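Next up: just one chain, as structure tokens, the form deposited in one PDB entry.
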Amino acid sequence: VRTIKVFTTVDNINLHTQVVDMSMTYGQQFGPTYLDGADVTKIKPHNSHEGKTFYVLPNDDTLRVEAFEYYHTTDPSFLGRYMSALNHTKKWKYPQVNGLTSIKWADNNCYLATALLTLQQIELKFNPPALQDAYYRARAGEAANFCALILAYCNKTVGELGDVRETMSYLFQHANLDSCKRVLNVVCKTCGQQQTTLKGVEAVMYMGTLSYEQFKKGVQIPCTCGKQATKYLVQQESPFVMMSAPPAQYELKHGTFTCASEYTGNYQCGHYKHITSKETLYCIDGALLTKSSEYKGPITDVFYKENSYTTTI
């Protein structure tokens, strides 16, 4: 019987040589099989498949350990969702706008492009080797495998609308933000004063205000005794801070922030645009670049740089 030899893997770095029967589909010999994202499960082997690398699912205990060491996940449907997203993201265009790698618009990838542009402006270190390698190639322009991993880690599908803030929280869980720490103090005239301390992902993000300076001076917050308490940032140890709020009209000044996310649309249905501060105020809409001196628009997320801050109160 005429046969061929292909390579099966779960991480593309540990290849396993397998012989294939050209009269049996890949689904009968290895189960769900993928070739560069293309589902070749119900396809009989071709002569052109000689020596190529095929993605398979972790069926034995050896591949389950190989998969976790690379992706840091035990989800059996991860590679299926990752290969499915890779089939679309490999056909996307990743131009270099303002020295950053963005995505030309396709299949409603506005939140993915806005997220990819933000990660290239913050100091973040991923723990899964899959994200580390893909991010290293995403900066050079090869962001197809990286964007597919983002959809897989977020349980999102190509064409599904997503939130930039929710995409960050999903990716920050796979980052090394353990050294980050935040100290907060909420003061109330009635019940009193109490200091809280946050660490990790919670010490980086905040929902309520877009101004980092107003976070230091204090922001009004409700209380159990029915009084508007004031919460101010006491101490912050992190390479960056993420300030989030519902999309409202906000003014961006030069040098006071790193990058911002613009959201125009209703809840669960809108358009995302990325705004960065460099030589002036730039606005990136996928492959579209727009320079401006000052900006004013519907802002939902603002990102700042930080080392170590301690308030003086």
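C-alpha atoms forming the largest set that superposes within 1.5 Å between two forms make up the rigid core. Residue numbers count along the first chain shown, from 1. Compared with the form deposited in another entry:
The comparison between the two forms, aligned on the rigid core, picks out a single residue among 181, 227, 72, 90 whose CA moves by 2 Å or more, and that residue is 227.
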Given for the second form:
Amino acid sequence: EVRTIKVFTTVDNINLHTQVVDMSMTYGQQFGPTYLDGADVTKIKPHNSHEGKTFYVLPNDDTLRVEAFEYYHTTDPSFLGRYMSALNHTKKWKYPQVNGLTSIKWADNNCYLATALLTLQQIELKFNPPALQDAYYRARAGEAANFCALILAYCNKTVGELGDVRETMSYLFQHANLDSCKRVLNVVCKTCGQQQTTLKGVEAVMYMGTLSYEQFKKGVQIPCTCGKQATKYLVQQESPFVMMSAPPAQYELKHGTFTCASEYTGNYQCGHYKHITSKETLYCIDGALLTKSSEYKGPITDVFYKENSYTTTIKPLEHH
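Return the form deposited in another entry of this protein as a structure block, the form deposited in one PDB entry having already been given.
Since only the chain itself is given, any partners or molecules it might have are not part of what comes next.
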């Protein structure tokens, strides 16, 4: 009289927990919010075809809470639901291989995600959460739906929202092992003298204000804390890449002088990202579309450079 089937529940798709579900009640009535491959099945009853399948549930007991933290590195109770909500969409996107890199076909305003995804495959970055490590590798094999859904969930962004590549990279870098990265800056005020700062982690690899790594080495003009104009320059850099960003402006990209870059067309409220990469020549990846040219000048907002160890030769005459 009581009909049942056996399913597995999980929060990480690795640790599977056998469950016996009553076929007269919905999954929601028994588990709470329940997902089958991203699809919200909270309000449907178990079907005979569901036997043996794996369902995601929210981490609502001590065992699941530990498993979710160990896999995702966040205790945010909303995280799994936001991941599943995004995955229901990203599993329908297409992930073509374009010039040896996994891209995303245009959909749901995902151009900024495609540009970030392409960049991540070209810089040396190790993710700390197993969820991101595993999904990054699957994305490299062309199965990028989980990686894209995780990026959205870690960024607190939903499918369909417009986005910013620099912002997206900054949030992902929070989840990368960058604690060997180091940046030493000097701000030289003609009155106050020299003021040196050491940055670590995400702050050691990102700079907002110029696209040019060379210009950052030579010095950029900024207001000193006293209100006068000062000069800031890079003293020492220890990292495998650096990201230089600025609001989009016409910028010449020379083959072999950079790793990749973000082109931004349109305006600040309604823009389009494309990805420029330097290989044997210059390539532009626009979703599934590929173009090439020997030279490039256009509206750039991020440039990524290779690095290992840099020490300035600048040695100011000033004081302090």
